[PDB]
Amino acid sequence: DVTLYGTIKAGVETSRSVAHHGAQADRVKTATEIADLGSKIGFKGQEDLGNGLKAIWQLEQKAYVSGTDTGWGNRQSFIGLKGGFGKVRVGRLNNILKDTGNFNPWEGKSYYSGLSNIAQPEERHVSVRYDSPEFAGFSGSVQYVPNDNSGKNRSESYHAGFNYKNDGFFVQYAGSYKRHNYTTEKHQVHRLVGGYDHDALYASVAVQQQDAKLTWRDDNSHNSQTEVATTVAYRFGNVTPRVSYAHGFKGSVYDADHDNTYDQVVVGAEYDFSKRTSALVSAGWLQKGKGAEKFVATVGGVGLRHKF
Amino acid sequence: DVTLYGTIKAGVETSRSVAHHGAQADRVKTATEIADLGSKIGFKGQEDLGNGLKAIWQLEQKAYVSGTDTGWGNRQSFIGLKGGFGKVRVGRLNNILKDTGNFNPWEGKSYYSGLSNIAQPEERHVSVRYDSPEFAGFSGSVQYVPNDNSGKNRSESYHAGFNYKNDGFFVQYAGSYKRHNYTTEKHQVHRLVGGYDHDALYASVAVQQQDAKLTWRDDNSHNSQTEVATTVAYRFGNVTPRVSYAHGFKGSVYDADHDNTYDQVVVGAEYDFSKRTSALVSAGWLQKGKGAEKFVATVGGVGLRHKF
Amino acid sequence: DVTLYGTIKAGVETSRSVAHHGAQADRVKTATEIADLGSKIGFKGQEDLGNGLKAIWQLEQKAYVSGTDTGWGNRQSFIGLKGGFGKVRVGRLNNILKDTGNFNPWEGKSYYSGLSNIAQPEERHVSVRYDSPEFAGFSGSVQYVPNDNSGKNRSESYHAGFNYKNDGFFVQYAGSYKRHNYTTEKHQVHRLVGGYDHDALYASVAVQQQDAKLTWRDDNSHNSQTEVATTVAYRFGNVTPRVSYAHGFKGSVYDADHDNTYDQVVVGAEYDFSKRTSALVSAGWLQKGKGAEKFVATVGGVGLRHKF
Ligand SMILES: Nc1ncnc2c1ncn2[C@@H]1O[C@H](COP(=O)(O)OP(=O)(O)OP(=O)(O)O)[C@@H](O)[C@H]1O
Ligand SMILES: Nc1ncnc2c1ncn2[C@@H]1O[C@H](COP(=O)(O)OP(=O)(O)OP(=O)(O)O)[C@@H](O)[C@H]1O
Ligand SMILES: Nc1ncnc2c1ncn2[C@@H]1O[C@H](COP(=O)(O)OP(=O)(O)OP(=O)(O)O)[C@@H](O)[C@H]1O
Ligand SMILES: [Mg+2]
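Residue numbers (the entry's author numbering), protein chains in the order written: chain A, 1 to 308; chain B, 1 to 308; chain C, 1 to 308.
Any given hint might turn out to be false.
Which residues of chain C face chain A? A few of them, derived with a C-beta cut under 8 angstroms, are [stated by the list, open to error]:
1. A31
2. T32
3. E33
4. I34
5. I41
6. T70
7. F138
8. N260
9. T261
10. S274
11. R276
12. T277
13. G300
14. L304
In silico contact screen, one side only, chain C against chain A (beta carbon under 8 angstroms); selected entries [unchecked claim]:
15. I8
16. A10
17. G11
18. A23
19. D36
20. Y64
21. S66
22. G67
23. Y271
24. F273
The hints are simulated quantities; they were obtained by calculation from the structure and are not laboratory data.
For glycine and all other residues, C-beta sits at the position ideal for the given N, C-alpha and C.
Whole structure, please, built from the sequences with the hints as guidance.
This is how it looks when you write it as structure tokens:
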């Protein structure tokens, strides 16, 4: 039971930025490039005989067709076991926020297809993860990121979530907390996702908040941020139109509020010539801040993806 | 239809340089090393069902048995389609000048087996390529190298060639032009190759010229260069003697033309124990310039190559 | 006859150091981390038809599940041939001292599982190796490490050993000499290993000495070191207890000998769920020097290893 797998997707990005300059000016420009969209390669397997138990391992890395890259196992790679009790695994592994993540499936490039600012804390760390099996559509998992920090007060972080799916219907909580980080102190991220996922239709609303203690010097400082996003995919024959909106908020206080708010949106589709082979078309838009000091950006492109 | 493939070739290089010296100067020396000769690995495939169309993808990278290396998809790797209309493909891809290139098949190392100075503009860039199918021995292709440069005046470059083969007979034009480059404004490279390739015999003469505008500070400055090369390979049983000459002429300008001319030559053979497994033996020689300030170099070695 | 193979092993390391101090100094601390234990990936093969001869090639590289890594063929990778006469092979290849090495099979991490200081000269160099076939349990091999050094007086090194195995019984001499090194003029390393290896029991004693000329200013300067180690492994059902001791002696010369001596030991086991899948447990201890300026360290951990 050895398997070699992966996916290759690439194509062109036409992109533009409008940098404001309301106060003290200039507005930069289009960049148009050939870009490998998240391409990558993996090997992996499982063994039995063995028992009710099975051994699982994987090694996956970034394979850029464009070859802007380097390295091994910078993808999700691990070793672990699954059994009556589910899977325990270790090594480079996905954030519990990273594996909700289903509401943000935009094949993308050096500049965001979308929806990014909301997916900023979706990571891979060298860590440990338990994922409990299903019971009545129920699931849960937990993750430790020791690395490493003792040493000082621990920058190890802490990850877990649960997932319900009942009849094409779902919600997923994912959360992260961090005992310490420099250029920060104990930091928290929370996400709930819910929607229908099934039969040629998908819709989801997700909400993430992050509450953070701050300024290890100039205490007590702190910030909160909040983001919403929503996505509707659908399908027929081979085409799969999809759309997403994301509004992040700013925060308050610190002595000053402003509005650090952002809005962004994406639409595009997929045309399956086959299961594996899908043509991709994508157009996003985003705006940071508002008024005289502010920002806008607009991306679009095509791409191919062949999964194997 | 997945495939893993590649080739491994390595072996020893004995090398020497004679650096010419009106003194204050000196003549450097032999270096003798174990060297991986162009060794590398690849995966790739194609899909149908599908249609008259097929999906092609490849990921190939430098695999040094000597491991002086790093990375992924720094070989020719891509994604594209073939069909009635031929192949369109994208990602890291070979120059049109790089895919004539048949006249220079000397497995080589850190220093020049040969024939190098004439193969200097044979590249791989992240780009787009169309290769039209065969009609009556006829073929053609085109390539865009956007990356990236707008930004400023575009350093994107431009590549295409055609190929005729009739009855073990061939000619290949390949050409490159560059809208911009820092230290060469608007630069051009042209190559014609012709010869017999077939049935245990190969002979070819190829000619490349490069005409270049020069902005360095320099307006109006400019240079031309020209290179000829010729190669005769032949075969029996398992041995495949081969030989190559290359004479470049000078960059001609600046009130002393001088002579920047160079001459170089290579001979060696191949002994197939099988299709895949061939023992390689090679000796080159080169000379740059002439007279009191000048250069000479002499290389030779063995190696093995097993293709898979 | 192509083969993809490798092994994945990872897990946790709890570690501690006691650094001895009149102070300026102090006694440092535990570090506890998830660590990929020597994990890695390879491809390779052989061909015939061919003859009594066969072609062998391999490309193996470090694959860290933890992905602290980079690169290709930094493992043992080569090309060569085997036949009546045995194997000649080239490329990145294992030191003759490296392939005795059977007495030190502790899956390990960034800090030593064990037994390290004795395995310090077990290497891979870009080089050439002949390994003669078996005759009456007899074997031999020789290695040249040219790279590269002429240039100056040659830092190429020199490697060979022999191996006897008769009825679960063995001894292996491995030796290394180096014509030059900056940090060693003309350096030598010798190892004998002997023991029973067979049928669920393994025991070995090995001895290494290294005699070295020292050029720095110092002529004539020089040092000798000596190290002993011993290992007992055994097996039942699926568990495989093992233990190892290593005592190095000092460099002794130059009017003050001191004692640069060190002692270290390791114990732990393996539990095969299968041939491939083994759970690993390990505890080592080491001490450098003695007295008021000195050192101690203690490591322990678990890990999984799945070979493929
Ligand atoms: N660090 C990263 N940088 C860029 N893109 C990423 C990163 N992490 C994840 N991605 C993108 O997220 C996608 C995950 O979606 P998909 O379901 O296709 O794969 P996946 O489930 O992550 O695969 P695996 O389970 O092996 O990680 C990847 O294909 C990749 O395009
Ligand atoms: N960066 C490089 N510069 C010059 N020559 C190279 C370079 N990389 C590879 N080569 C050599 O060019 C030779 C061309 O031979 P070959 O046709 O087998 O490969 P290729 O056509 O480039 O590969 P592909 O099947 O991916 O198109 C190869 O043997 C390879 O070792
Ligand atoms: N640079 C290194 N640092 C630490 N440990 C290493 C290093 N190189 C090899 N090892 C360990 O030594 C062990 C050697 O055992 P093994 O026989 O499996 O490999 P090998 O013989 O070196 O490779 P090959 O199968 O290609 O001959 C490996 O398990 C490996 O993890
Ligand atoms: Mg994807």
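Against the structure, the hints come out as follows:
1. Because the smallest distance between the Cβ of C:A31 and any Cβ of chain A comes to about 7 angstroms, under 8 angstroms, the interface hint for this residue holds.
2. With a cut of 8 angstroms, the hint placing C:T32 at the interface with chain A holds, because the nearest CB-to-CB distance is about 6 angstroms.
3. Against a cut-off of 8 angstroms between C-beta atoms, the interface hint on C:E33 holds, since the closest Cβ of chain A lies about 5 angstroms away.
4. Taking 8 angstroms as the C-beta cut-off, the interface hint given for C:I34 holds, the closest approach to chain A being about 5 angstroms.
5. Interface hint at C:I41: satisfied, since its Cβ lies 7 angstroms from the closest Cβ of chain A, which is below the 8 angstroms cut-off.
6. Annotation: C:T70 was flagged as interfacial toward chain A, and the flag holds, the nearest CB pair being 5 angstroms apart, inside 8 angstroms.
7. Contact between C:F138 and chain A, as hinted, is not supported at the beta carbon level, the nearest pair being about 37 angstroms apart and thus beyond 8 angstroms.
8. Because the beta carbon of C:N260 sits about 30 angstroms from the nearest beta carbon in chain A, more than 8 angstroms, this interface hint is broken.
9. Annotation: interface hint on C:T261 violated; nearest CB of chain A at approximately 31 angstroms, more than 8 angstroms.
10. The closest approach between the C-beta of C:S274 and any C-beta of chain A is roughly 6 angstroms, which is under the 8 angstroms cut-off, so the hint is satisfied.
11. For C:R276, the suggested interface contact is upheld, since its CB lies about 6 angstroms from the closest CB of chain A, less than 8 angstroms.
12. Taken as an interface hint, C:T277 checks out: its beta carbon lies about 5 angstroms from the nearest beta carbon of chain A, inside 8 angstroms.
13. For C:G300, the interface hint is violated, since its Cβ never comes within 8 angstroms of a Cβ in chain A; the closest pair sits about 16 angstroms apart.
14. With its C-beta approaching chain A no nearer than about 5 angstroms, C:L304 sits inside the 8 angstroms limit, and its interface hint holds.
15. Interface restraint check: C:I8 against chain A, minimum CB-CB distance 5 angstroms, threshold 8 angstroms, status holds.
16. Contact between C:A10 and chain A, as hinted, is supported at the beta carbon level, the nearest pair being about 5 angstroms apart and thus within 8 angstroms.
17. For C:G11, the suggested interface contact is upheld, since its CB lies about 7 angstroms from the closest CB of chain A, less than 8 angstroms.
18. The closest approach between the C-beta of C:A23 and any C-beta of chain A is roughly 20 angstroms, which is over the 8 angstroms cut-off, so the hint fails.
19. With a least beta-carbon distance of about 6 angstroms to chain A, the hint placing C:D36 at the interface is held under the 8 angstroms criterion.
20. Here the hint on C:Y64 is kept, as its CB sits about 5 angstroms from the closest CB of chain A, short of 8 angstroms.
21. The criterion of a C-beta within 8 angstroms of any C-beta in chain A is met by C:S66, whose closest approach is roughly 5 angstroms, and the hint holds.
22. At its closest, the beta carbon of C:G67 sits 4 angstroms from a beta carbon of chain A; the interface hint therefore holds under the 8 angstroms criterion.
23. Taking 8 angstroms as the C-beta cut-off, the interface hint given for C:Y271 is violated, the closest approach to chain A being about 12 angstroms.
24. Given the 8 angstroms rule on beta carbons, the hint for C:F273 holds: about 7 angstroms separates it from the nearest Cβ of chain A.
Of the numbered hints given earlier, the model fails hints 7, 8, 9, 13, 18 and 23; all others are met.
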